Structures are given as C-alpha cells and as structure tokens.
Amino acid sequence: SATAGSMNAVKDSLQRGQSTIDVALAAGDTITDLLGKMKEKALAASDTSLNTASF
Amino acid sequence: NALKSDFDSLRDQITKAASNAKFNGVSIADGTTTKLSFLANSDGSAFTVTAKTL
Numbered sequence: 576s577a578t579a580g581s582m583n584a585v586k587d588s589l590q591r592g593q594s595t596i597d598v599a600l601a602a603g604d605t606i607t608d609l610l611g612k613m614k615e616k617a618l619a620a621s622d623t624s625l626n627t628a629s630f
Numbered sequence: 004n005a006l007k008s009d010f011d012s013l014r015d016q017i018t019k020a021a022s023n024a025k026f027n028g029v030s031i032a033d034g035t036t037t038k039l040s041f042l043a044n045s046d047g048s049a050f051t052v053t054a055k056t057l
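Chains as they are written, first to last, in our numbering: chain P, 576 to 630; chain H, 4 to 57.
It is worth saying that the hints were derived from the structure and are not from the lab.
Check before you lean on any hint, since a few could be wrong.
Heads up, simulated EDC-like pairs for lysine to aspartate or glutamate below, C-alpha to C-alpha not over 20 Å straight-line [unchecked claim]: (1) P:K586 - P:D597; (2) H:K19 - H:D33; (3) P:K612 - H:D46; (4) H:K19 - H:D9; (5) P:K616 - P:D604; (6) P:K614 - H:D46; (7) H:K38 - P:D622; (8) H:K25 - P:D622; (9) P:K616 - H:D46; (10) P:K612 - P:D622; (11) H:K55 - H:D33; (12) P:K614 - P:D604; (13) H:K25 - H:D15.
A partial selection of chain H residues facing chain P, derived with a Cβ cut-off under 7 Å [said to hold, decoys possible]: (14) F10; (15) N27; (16) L42; (17) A43.
Backbone N, C-alpha and C define an ideal beta-carbon position, used for all residues, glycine too.
Using the sequences plus the hints, can you model the full thing?
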C-alpha cells in the first residue's frame, strides 16, 4: 500500500517535466522563426547590387 | 567649325548620358565596377552579370 501510494510523486514529476518541455518547445518555435528571418536578411545582404543604406 | 562644334557638343552629351545611367546608386554601364552578382538560389549562389562600360 505504501508502494502504491508513493506513485503520485512520480506522476507529479512526470507532469512537471512535460510542462518544462512544452515551454522549451514554445521558445524553440520563436527561435526558429527568428533564425529563418535572419536567414532571409543575410541572404538579401549577400547581393552586391545594393547601396550602402540598404545594407 | 560649326560641324566640329556640334561634334564636341554631342561628345559631351555622351559623357552626361553615360554618367546618369544609375539605378539606386549602382550602375552596370557607367564603368565603376567590373561585374554585378545577383542571388540565384537559397544557398547564395551568384548570378553573374558582366559590366559593359558605355
């Protein structure tokens, strides 16, 4: 009975880990969007035909 | 004298027309650069366009 009643802490820790991973996935979505925008910016910057102000 | 004067005037107009051929500060024909390279793919490969001085 004590062994069966000790499982609630394991369930709580598993839910806390799921919540932490979910917050990390939200931050990862934001980071990948920013990385793609930086991709487009560096690719536009590679062109030689731009004037200095656009660079 | 009149023909050589008209000739010199047209020769100066050629200089001015060549000088004004810019697009947003860059020109492929005024002779300030050897070539312009433009993007051709997502990895940054150039699309070379050799300059033709006028």
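Exercise for review: Below or equal to 20 Å on CA atoms is what counts here, so check H:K19 against H:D9.
Suggested key: It holds: about 15 Å lies between the C-alpha atoms, which stays within 20 Å.
Point to revise | Interface hint status, H:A43 versus chain P (Cβ within 7 Å) | key: Violated: closest Cβ of chain P sits about 10 Å from H:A43, beyond 7 Å.
Check your understanding: When you check the alpha-carbon spacing of H:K38 and P:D622, does it fall within 20 Å?
Key -> Answer holds: H:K38 to P:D622 is near 12 Å, not above 20 Å.
Review point. Can the restraint linking H:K25 and P:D622 be considered satisfied, given a maximum Cα separation of 20 Å?
Key: The given pair, whose Cα atoms are some 17 Å apart, holds under the 20 Å limit.
Practice item. Starting from P:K614, check that the Cα of H:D46 is at most 20 Å away, please. Key: 10 Å, holds
Point to revise | Hint check: 7 Å Cβ-Cβ cutoff, H:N27 to chain P | key: 6 Å, holds
Review point. Within 20 Å, alpha carbon to alpha carbon, are H:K19 and H:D33?
Key: 10 Å, holds
Exercise for review: Starting from H:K55, check that the Cα of H:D33 is at most 20 Å away, please.
Suggested key: Holds, at about 8 Å.
Check your understanding: Holds or violated: H:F10 as interface residue toward chain P, Cβ cutoff 7 Å?
Key -> 36 Å, violated
Check your understanding: Going straight from one Cα to the other, do P:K616 and P:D604 come out at no more than 20 Å?
Key -> 19 Å, holds
Review point. Does the nearest C-beta of chain P fall within a distance shorter than 7 Å of the C-beta of H:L42?
Key: 6 Å, holds
Review point. Keeping to a limit of 20 Å between CA atoms, is the pair of P:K586 and P:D597 held or broken?
Key: Between P:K586 and P:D597 the Cα gap is close to 17 Å, so the pair holds against 20 Å.
Comparing the model with each numbered hint stated earlier shows that hints 14 and 17 do not hold.
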